[PDB]
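Take a look at the letters that make up each chain.
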Amino acid sequence: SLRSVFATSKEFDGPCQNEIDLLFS
Amino acid sequence: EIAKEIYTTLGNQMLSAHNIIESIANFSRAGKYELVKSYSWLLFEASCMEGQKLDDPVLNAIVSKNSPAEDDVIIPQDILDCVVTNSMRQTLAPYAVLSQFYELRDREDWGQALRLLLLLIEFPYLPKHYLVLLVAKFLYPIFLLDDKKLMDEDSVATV
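Residue numbers (my numbering), protein chains in the order written: chain A, 1 to 25; chain B, 1 to 159.
Any given hint could turn out to be false.
The calculated EDC-like cross-link candidates involving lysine to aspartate or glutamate, where the alpha carbons are at most 20 Å apart (straight line), are [claimed, not checked]:
| no. | chain 1 | residue 1 | chain 2 | residue 2 |
| --- | --- | --- | --- | --- |
| 1 | B | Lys-32 | B | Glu-22 |
| 2 | B | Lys-32 | A | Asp-21 |
| 3 | B | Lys-65 | B | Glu-45 |
| 4 | B | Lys-137 | B | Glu-108 |
| 5 | B | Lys-32 | A | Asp-13 |
| 6 | B | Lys-53 | B | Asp-78 |
| 7 | B | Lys-53 | B | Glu-1 |
| 8 | B | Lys-32 | A | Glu-11 |
| 9 | B | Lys-32 | A | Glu-19 |
| 10 | B | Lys-37 | A | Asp-13 |
| 11 | A | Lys-10 | B | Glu-122 |
| 12 | B | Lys-149 | B | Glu-108 |
| 13 | B | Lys-4 | A | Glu-11 |
| 14 | B | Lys-37 | B | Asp-106 |
| 15 | A | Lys-10 | B | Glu-108 |
| 16 | B | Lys-37 | A | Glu-11 |
Covered by chain A, per the in silico footprint, the following chain B stretches (three or more residues, Cβ under 8 Å) [as the list claims (entries may be wrong)]:
| no. | region |
| --- | --- |
| 17 | 27 to 41 |
| 18 | 84 to 98 |
| 19 | 111 to 125 |
If you're looking for bench data, these hints aren't it; they were derived computationally from the structure. We treat Cβ as the ideally placed atom computed from N, Cα and C, and that holds for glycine.
With these hints in hand, go ahead and build the complete structure from the sequences.
This is the structure we're talking about:
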């Protein structure tokens, strides 16, 4: 479960980064 | 760049070759973790329709170490040496919970059956259609149409 949660968090952070990149576009 | 594309290509051939385990493994490799997540949600959906996880002879060997029976000698030497580190118990832990969820329902361990389903839903990676599926299959008909649980103002609120 821990691993899965970590992966999900990482994915979410990636999404946030992408949004920020687009936010600046 | 070249290597990552080849991996994507492998996955497409493997899907065709009906080696379901091997296609996901190849996508992992492609660097597309987001896509890996999306086939996970889809596999959950598949496992719901079956009522239980899939059994293939290759699948039997990897999973057996957290599952009774199912240890089937003489599967390629690459599959046997790889899994020895127990990395598979961790990676398989969310599917395992799902599989265990049906088991608990059938075992008339309706209290705990509810607990596992709630844990899985709390993870925010579900957006609105891997939610529509769960409530009509499990939560509403089995658990909330039957009264057998005592709630209070706060417990209702949270819902």
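Exercise. Broken hints, numbered, in rising order?
Worked result: 3, 6, 7, 14, 15
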